[PDB]
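> I would like the entire structure built from these sequences, with the hints used as guidance.
Residues per chain are reported as follows:
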Amino acid sequence: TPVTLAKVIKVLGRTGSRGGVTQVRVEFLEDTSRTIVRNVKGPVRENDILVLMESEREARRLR
Amino acid sequence: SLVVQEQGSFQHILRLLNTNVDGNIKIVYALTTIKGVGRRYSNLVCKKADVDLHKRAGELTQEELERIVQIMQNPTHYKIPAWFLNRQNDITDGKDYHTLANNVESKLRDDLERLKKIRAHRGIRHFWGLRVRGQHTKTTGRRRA
Amino acid sequence: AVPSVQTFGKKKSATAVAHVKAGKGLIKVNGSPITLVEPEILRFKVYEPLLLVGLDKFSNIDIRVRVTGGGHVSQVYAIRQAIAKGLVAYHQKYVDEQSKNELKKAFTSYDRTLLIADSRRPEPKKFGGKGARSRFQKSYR
Amino acid sequence: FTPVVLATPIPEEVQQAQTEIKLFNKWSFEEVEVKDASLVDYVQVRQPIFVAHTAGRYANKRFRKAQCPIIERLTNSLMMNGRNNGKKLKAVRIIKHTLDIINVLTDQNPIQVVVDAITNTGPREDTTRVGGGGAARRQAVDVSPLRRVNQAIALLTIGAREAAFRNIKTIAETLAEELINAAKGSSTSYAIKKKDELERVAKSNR
Amino acid sequence: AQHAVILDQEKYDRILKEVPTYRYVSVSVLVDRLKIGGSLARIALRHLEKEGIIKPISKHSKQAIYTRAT
Amino acid sequence: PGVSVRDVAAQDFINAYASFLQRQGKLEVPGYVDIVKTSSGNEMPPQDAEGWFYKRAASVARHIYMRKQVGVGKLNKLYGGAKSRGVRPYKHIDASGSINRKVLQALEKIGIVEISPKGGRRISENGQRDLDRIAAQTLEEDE
RNA sequence: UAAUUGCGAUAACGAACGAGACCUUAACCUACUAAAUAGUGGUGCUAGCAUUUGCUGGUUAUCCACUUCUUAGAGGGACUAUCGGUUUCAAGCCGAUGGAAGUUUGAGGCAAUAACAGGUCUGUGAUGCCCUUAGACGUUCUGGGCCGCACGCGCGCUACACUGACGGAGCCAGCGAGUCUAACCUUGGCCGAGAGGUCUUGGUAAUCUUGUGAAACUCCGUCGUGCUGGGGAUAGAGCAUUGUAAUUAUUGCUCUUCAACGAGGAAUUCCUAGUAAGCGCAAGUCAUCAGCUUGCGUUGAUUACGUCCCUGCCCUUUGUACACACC
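Protein chains in written order, with the numbering used here: chain S, 1 to 63; chain R, 1 to 145; chain P, 1 to 141; chain Y, 1 to 206; chain G, 1 to 70; chain W, 1 to 143.
Accuracy of the hints is not assured; some may be wrong.
What the hints assert, rightly or not - Reference listing, derived: stretches of chain W covered by chain R, where coverage requires no fewer than 3 residues with Cβ under 8 Å from a Cβ of chain R:
{"id": "1", "stretch": "95–107"}
{"id": "2", "stretch": "123–137"}
To be verified - Subject to a maximum C-alpha distance of 30 Å in a straight line, what follows is the list of computed BS3-like cross-link-like pairs (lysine-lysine):
{"id": "3", "chain 1": "G", "residue 1": "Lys35", "chain 2": "G", "residue 2": "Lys59"}
{"id": "4", "chain 1": "Y", "residue 1": "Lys65", "chain 2": "Y", "residue 2": "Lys35"}
{"id": "5", "chain 1": "G", "residue 1": "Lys59", "chain 2": "Y", "residue 2": "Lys194"}
{"id": "6", "chain 1": "Y", "residue 1": "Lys203", "chain 2": "Y", "residue 2": "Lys90"}
{"id": "7", "chain 1": "Y", "residue 1": "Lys90", "chain 2": "G", "residue 2": "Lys35"}
{"id": "8", "chain 1": "Y", "residue 1": "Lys87", "chain 2": "G", "residue 2": "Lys59"}
{"id": "9", "chain 1": "Y", "residue 1": "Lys87", "chain 2": "W", "residue 2": "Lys77"}
Calculated from the structure, these hints are not laboratory results.
Cβ atoms here follow ideal geometry from the backbone N, Cα and C, with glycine treated the same way.
Below, the structure is given as structure tokens:
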């Protein structure tokens, strides 16, 4: 079970056709100041711990 | 509250009045499976010929069961109110009748026959195989508590 | 002559009306000892005002409530509210303020509409539908 | 732990818990830590409650839904199907019964077990269907802690319900079974099965 | 017809034996092993309560609930 | 179908009495009782069978107790089942009022209740001192 | 910004309607005005089950005291109020504080200009032209029919079963409505399994019906997985009511047939809070009949709090061989 943490520092906005998915700037304690643009399904604010399966990803703007 | 025991005298799936009384269930309901007896009537019968109503149908003496049978066949002279019977008042002899067993269906057919013979409208509907009650004609019929 | 106060509690259309005075302890309702009440599950709701602050402060007083309107849960909510408000008001008049403040803060932190009433009230039904926002089904074909 | 006398009789069996620190009737909100990372916000436990009724308004602002007590949320989730819409009393009753059942099997705090089940059963990854306009697949995304909680509760309640439906086991029993199974990686539970399904199907997008 | 309704003889003895070995007991558990029907399950449960053996943390009908003697 | 038991010992409050009313040897059964549905919108008779009338006696004793003064029509309204016709869900509908009347007529005889001004019927001071005191003595015994 | 709402910019300048404002209603006034047609408390007469003084009535009479609840009248009250952020730092927006109320506080009513050859001559002694006018499509009496049908399509409301259905012990409401030149709403006592019948009584109504002690649901017992017991159709037989008249059964009850049905392809309807959903209740038609609607409460969820992809709407730019306007 490879698991990684992710604290949300900013939320760029709603994305996708239906708009039930949000672009989020996640950042974790395992080496701070290293960031990803991740897509989140549910409702998200500042200081929300997300459970990541993989670190190396780049969630790009849905079309 | 208290657990009984008993032995191999228990006889499930016994029969009475051309029909099989179902074992391993309460006696009232077991009776109810008979054509011509339903729930309320069965309960009444049980109350009259005093069976222990918690006890199942597969137990109990044959003399008792024949008392029940006697009651079922001969209700009005065993002090049963005479508003309770299914074919109440009747249209031949002019006395109350609880039609029972497979005879009820036969009796029903006889009624349905006499109607057609008479040539009442309802009889004609029956003959045609139509919704006989004069109700709004698009039916199935159901279902609340 | 004797010291006493009276307050109320609301929920939907349920209305509870309390009476408090200086006595021996007695706390009862409509047609109930406060242990029994109804509905056993909810029961503990009626204690909430008594327990959160502490039962020790219901030694010298005598509370008694009567209610009208609503349903069971609603009634319970009303009665508990009445018990609360009646207590705090009693403290306010016949005891010092600091105690009342302590009581409030104990309650208001927990607040299940404990002091203050529930401000939601039934929205009306409108035509072309069984309920308020609900509407009937349409065909096209 | 000092008792107290009063004119009306309040039983000492009941009065004990009332006098001492606050708790669900018998079972306590004390101890009962948040097990997993995340849900240190979106699971309650403190503030405590006597019974899980607490008829306020939660889905109103946006995330006060989170600060609603998790047991009450569970109760709410249990309360549905139309036939069983409203009847919160039934739900709370069955919650209590579930807790009892979870105390009987395995011992320990049943609230803690429930918490564990919640923490496990939320699918850490989840996907959704992109538009396209003809033929498109599931696109891989992350899921929120609140959303994780929501799905956890939903899935447990639904699986428990279906399991009960037309089986001699009551909701109290089936739900309890689901919980106890869901505490660890049992996998025979419905919730965890669904989670697995959601994860494998997610993992089939890279 | 799954049955297991009437007690017979040896099945009562078996119940007497195997009840205290369980952690949890209810009407569902005492029908789960194709044992006694609902009526008897209830009756027998009440009996086992009466005659030591199982300790109630119970409440009401429909959902009955007892535990082992400890 | 019925009213006012939510509070105290719903079943036990009116069970130790039920056998005690038989114990008294004063009760006065209709005769056609115990072969009856108890309501127009019901389906079965009670499962107590050798009893039930004694439950409904203390329940009517409780009814006269309840408040001020009570009548026949009110009792019909109360113990009335509500009637299930076809689709027509469960519209509130009167009871087997005759039974309640019979119960009243019994209770009046036993020295518990009497006919009041403003119509209706009211509890006596001598009345329930002995009747439901022994049944609720179980609550006094446990206490 | 819900909004041609504003802030601003500026060959425009001031203006009018619509929106908003306004009206009713929903909630907060332990302040004013009071109230036996609304309550509560104290004193003479009650303490009979959980009671020692639940709460109740004894108590239209026992007199007094009161207005928190209940009713209204008059006013106050919320203005995004205070704090923080955020923005040419402006209009505004997001969070926090208090607050009964902080989504224009919710809900409605009212709702512009120009249209459609939308519906209605079966609401109208509203009417044009046409038709008919005493074997009259006029008016009226007798008897049918509009209910002719296991449905070819459309809406509609109980619990497919153990968060169940029973047997009881179940169960607090709120809109209403109500007799006169008569027979409406029925309390009360008797009889009746029953529906009902009867003798009367109260009421032109915050007083009497009527705390419409409604239903779902709280508590124990009865089944417990089985087109069975769960609950009482389709067909028969009787007994009631309403009405000149019930027959192609008006309704209601009673017993016998026993059925909430095996979670409903493709498809498509409504839904974001006291809502959806559950559940009854009254009124509207009414002699009688509700499953119809119109309101009312009761229990009370999940899930967003977003987007323009589908279905459409508004504006601006543009393109147009269209203008009965992309059918």
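> Let me make sure I understand: some of the numbered hints might not hold for this structure. Which ones are they, in numerical order?
1, 2, 5, 6
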